[PDB]
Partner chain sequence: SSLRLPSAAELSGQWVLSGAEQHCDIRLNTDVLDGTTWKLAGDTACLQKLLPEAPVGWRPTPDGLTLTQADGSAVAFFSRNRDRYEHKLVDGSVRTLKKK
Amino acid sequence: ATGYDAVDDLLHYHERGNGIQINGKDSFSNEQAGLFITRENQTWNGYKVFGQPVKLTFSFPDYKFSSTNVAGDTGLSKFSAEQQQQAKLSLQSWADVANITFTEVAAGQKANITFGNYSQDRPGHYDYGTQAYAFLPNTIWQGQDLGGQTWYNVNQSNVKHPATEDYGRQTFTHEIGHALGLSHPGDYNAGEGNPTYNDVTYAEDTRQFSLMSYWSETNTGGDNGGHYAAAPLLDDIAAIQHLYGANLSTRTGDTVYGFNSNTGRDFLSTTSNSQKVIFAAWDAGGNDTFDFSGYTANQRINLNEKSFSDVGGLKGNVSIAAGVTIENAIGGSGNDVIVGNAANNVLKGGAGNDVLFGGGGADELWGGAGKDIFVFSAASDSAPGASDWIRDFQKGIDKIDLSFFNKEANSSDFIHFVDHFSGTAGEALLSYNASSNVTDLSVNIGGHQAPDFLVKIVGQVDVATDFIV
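Chain structure (the form deposited without its partner chain), given for this chain on its own:
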C-alpha cells in the first residue's frame, strides 16, 4: 500500500452519523450521542437547563454498617483513603472538561454528591454480585432529592482498590457521571433484563466512545488491551459539555500528552512502554503535542478533531474532543501513520518506517530513522508562502508520495517531471541548492505559470528513486 492509502484509511476510521448504519444499528454523531446520553434532561441547574456552570459540594459520609440505604443495601462504610484519593481524581476529570466546580465538605455536612460503600443486600448477607449505582439530579423519592448519591460494592476488589484496579477508577467516574445527569447510552429494553450490545439504540454505545457504556470497545472495533479508561471519553465529553458548558480554562498553555507529559493527570500520562494510555483529549488553547515516542508498537495518530488514534499497541484508544486543536505528534520506534490537520503541525516519525501527512498549513516533517514516506494530496498542503518543510530527507531511503494526483486524474501522465515549467498542469520541477542543502519541489497542480505547490526539503532528492507517483 502507498502512503496515501494509509492516510486515506486513517482519515476514514470510525466514520459516524449522517444516517449511516453500523453493526445493523443507527450511527450517531458525537453531538447526537451527547444528547442521547443526556436524554433524561436532568441537571443540577434544573430540568432542561443546559449550558450553565455549576458549583457542587461532595463528601465521604461516615456511614454506619448496620444502616440501610435508600436502595435497600446495608453493611455500609465510609470510603477509605485510597478510595477518596481516586474519587477526587475522577471528580477532577469531569471538572476538566465542563464548567463544574467541586468542593469537599465535612463528612457530617449536607453535600450534593456523596460516595459510600455497601457490602450486604440484607443484614448479615454479603453481596458478591453487584457493582455500583447512583441517582441522577432531581430524583425525588418520598419528597427528598436522591440526586448525587453514589454507592459501590466494596466486596469487589476493584471498588476497594481503585488505584491499582482500573475498572474501579472507571466505575467512580461512571457513577459520578450519573450523579451529574448522564445516563447509560441506552435503556436496552429489547434485552428484557438480560441485555447485550445487540440491544443498543446506537452503534457507538461502547466503551470506545463512552465510559457510561458497559459494552466492550471491541463491538465497534476498538481494543483497549484489557484496560479501562479512567476519564470521560469522546461522547461523555459531548454529553457533559451539553449539560454544563465546555471548560475554556483547561490546559490553555502548551500541553504535552503521553510521554514527557506536563498535564499533571495520570490518565493523560505515561512513563513506560508497558503503561498504556486511554483518553479523549480536551484542551482549550496553546501549542500541544501528542508525544507517543516511548511506545514500540506500530501506531496511527490522527490530529483531527473527533478522530481516533491507535496508540501504544491499543486500537482506537486515543481521541480528540470536538473543538480541540492539537498541533504536534511524535511517533514511536514502530512503523507509524501520522496525520495532521489544517493547522501548522510538527510531525515526527521517530525510528521505523513511517507515513507522514501534514495536510493544510505550514507543516514541519521529520521522518526520523527508517524508510519514511511524506504524503501530499492537495496544492494547499504546501502553498507557496506557507510551504511545508521536510527536515531530514535521505535520498534512496525516504520517499515523497504524490500518488493521489494521478489516481484522481486517472492518468499516469498527469504528474510528471520536467526541467522547466510551461504552464501545463501536472508538471513537477525539482531544484537543488548544493550550497544550502535544500531541494525545492514545485508542482503546477491548478494549471498556472506559477506553481501552486512548493515543498522545501533539507537534503538531496533523487527523482529516479524517491517518488511514488
The other form holds:
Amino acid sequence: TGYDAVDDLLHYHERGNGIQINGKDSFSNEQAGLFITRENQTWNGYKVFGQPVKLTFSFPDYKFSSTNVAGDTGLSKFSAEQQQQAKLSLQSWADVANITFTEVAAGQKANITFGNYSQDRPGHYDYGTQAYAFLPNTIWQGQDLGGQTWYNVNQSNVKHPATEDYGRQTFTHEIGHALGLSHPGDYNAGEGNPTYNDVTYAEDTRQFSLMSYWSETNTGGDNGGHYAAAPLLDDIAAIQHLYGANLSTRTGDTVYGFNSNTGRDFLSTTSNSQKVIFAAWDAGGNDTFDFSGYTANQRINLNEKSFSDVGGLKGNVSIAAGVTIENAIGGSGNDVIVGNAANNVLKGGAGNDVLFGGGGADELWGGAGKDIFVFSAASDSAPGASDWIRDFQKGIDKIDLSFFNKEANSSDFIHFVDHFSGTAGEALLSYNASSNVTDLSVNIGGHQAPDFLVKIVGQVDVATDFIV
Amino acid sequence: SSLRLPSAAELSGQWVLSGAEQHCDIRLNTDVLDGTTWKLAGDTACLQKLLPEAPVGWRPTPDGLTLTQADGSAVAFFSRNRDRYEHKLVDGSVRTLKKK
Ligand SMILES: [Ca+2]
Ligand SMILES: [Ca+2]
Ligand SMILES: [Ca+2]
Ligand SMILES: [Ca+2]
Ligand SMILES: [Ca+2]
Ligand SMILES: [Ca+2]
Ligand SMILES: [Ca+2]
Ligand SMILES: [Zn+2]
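Here we have the form deposited without its partner chain; I need the corresponding form deposited with its partner chain bound.
The next block holds the full complex; its first chain is the one shown before.
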C-alpha cells in the first residue's frame, strides 16, 4: 500500500531510547551534540555555553623553513583557492551558530589561522598525515596554541579543495576543532589503528557528523563517494550548544536544491549530476526542498531531525532540530514524500509517487504518473480545513485510506454509502460539476457529522481509485 | 586531526575477495567509472556468490574501500582493519578483501 511506504520512511534511522546499533548504544541528536563538545572548551571560556562569539582569522605568511609547535616544517601561506574554500567553510559554521568571523591581515593576531606544512622534519616529506588543529584555550609549555589549524599540502585535496570535496570537508572539520568540537569518539588519526569499533555511539559516522572519521555506510547512508562540505545534523547540535542557534539565517522564503536562492554551494544544484548532501538550518519563512531535477527515485521527509534519500544518494539530506520546511517537489523518479504538521505543498513530479501531507491543510499534486495520496488521521484533513488534491486523474491515481481499516482491525470498516447515517467508517463521494471538484467525506469516529474531508480537483471512480 | 584519502592508484592492483571459503580474484583498476569511482574487473559469477550483487566499480575512502554498482551506489563497504578490509553481510557473514 502507499501507507506502508510512508511508514517505512517515518521509522528510518530511529535513534536514542536504548536502541543498540552496530553493537553500540544509539545516541539521540541532543546526546550526540553534547558528546561532541565533551571537552567543554569554548572561545568564551571553559564551560561557558550558549554565548555568541566574534572571531578573527588570517592566512599568515609562513616561511618554508620555519617549524610549527607540532614540529612540522616546509610551511606556506594558504593559496587563493585554499583561502576561498576556507572562507566558505567558516561561513557554514557562522550560518548555524552565533559566530562572527572577521579576517585580519596576515601578521595581525588572529584567533583562527590556516597554514600548510609538507615535512615532518627538514628534507623529509610527510605523505602520511592530512591535517590537525588545536581547540580554543590550549595552553602548551607556557603558550596558547588554540585556534591553529594545519594542513598537509602534499595531499591533492588539501591543495585543491575547490575540486576535491574531501579537502573542503577537511577544512570544515579542522575549523570545528578550532571552535571547540572534538571527534564524536576517542580516536585520533595515526594513533594506532582506530576503527569504527572504537566509537562511543553508533551514529558516529559521516552520515551524522563531519567530525567523524567513519563511513556513512556504517549506519546505512551512501553519499556516492562525496563528502559533505558543511556541518551535518549532529554538528549543528554541537555548535549551537556552544554558541547558540543563529536565528537570523535564511529567514525569508528559501529554496534548497534546484533553483536555490541560498547562495550556498552545498545547498544548491544545477544538474542531476550534481548531488547534494546537507543538513538544513533555516530560521523562518516558507521554504521548499526543490529536488525536481533528479531522475532517481527519492524519499523526502519534511519532519525535523529526519533523513531523506535525495538525488540517488541515501541519508544525504536532513533537517536540523527546530526547523520547519514547508514544501517539497519530487523529481521524475518514483518518490515518497512525507510532510509535517505544517501546511505543505507537495508535488510528486513525473513518475509514480506516494504523497502524505500529514497534519494541517496541505495541497497535494501527484503530477504525471500513477500517484497515491495517503491519509491516516481524520484531523489530517478536517472539514473546514481540508487537504486539496489538485490534479487527481480518475482511473490512474489512487486515494489510500487503508490505515483507517488496519486501525479499525477490519477491512470492511471503511464503506461507501449514498447517505450518511452517523455510522462509523461511512464514506460518501459527491461530484461538483460546476467546479470539477469531488468531495470525499468520511465519518471515522461515527459522529453526527463527518470528521474527515478531502476536496479533490477532478473525478474519482470508486470502483478503481481507492486503496483500503 | 583527519585521516588521509588514499588514491585509486595506490590501491589499484590484484586483490582477493574471500568469502565462505570461496575466493574471487578481482583487479581494482585505475580506469574511470565516473567522477568518484573507478573500474573493477572480476568474475561476476564468483562475486554474486560472495556479495549481494556483482559490483563493477570501487573507490578508496579514508577508512576503507567501497565496491559499487555501475551508477556508483554502494554494494558493499569494506573497513580497513590493519592488513585487511572487511565487510559484514545482512546476516553478519564476514567478507574479506586483501591485496595479493
Ligand atoms: Ca527560510
Ligand atoms: Ca519554514
Ligand atoms: Ca516523482
Ligand atoms: Ca502537513
Ligand atoms: Ca507523479
Ligand atoms: Ca497522476
Ligand atoms: Ca493535512
Ligand atoms: Zn579531527
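Shifts are known only where both forms have a C-alpha. Residue numbers count along the first chain shown, from 1. Rigid core (definition): largest C-alpha set, two forms, superposition within 1.5 Å.
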- Query: Picking from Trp366, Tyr188, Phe267, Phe259, which residue has its CA shift by 2 Å or more between these two forms, once the rigid core of the two forms is superposed?
  - Reply: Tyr188
- Query: Core overlaid, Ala297 C-alpha shift between these two forms, how many Å?
  - Reply: 0.2
- Quick one: how many Å does the C-alpha of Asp199 shift between these two forms once the rigid core is superposed? 1.4
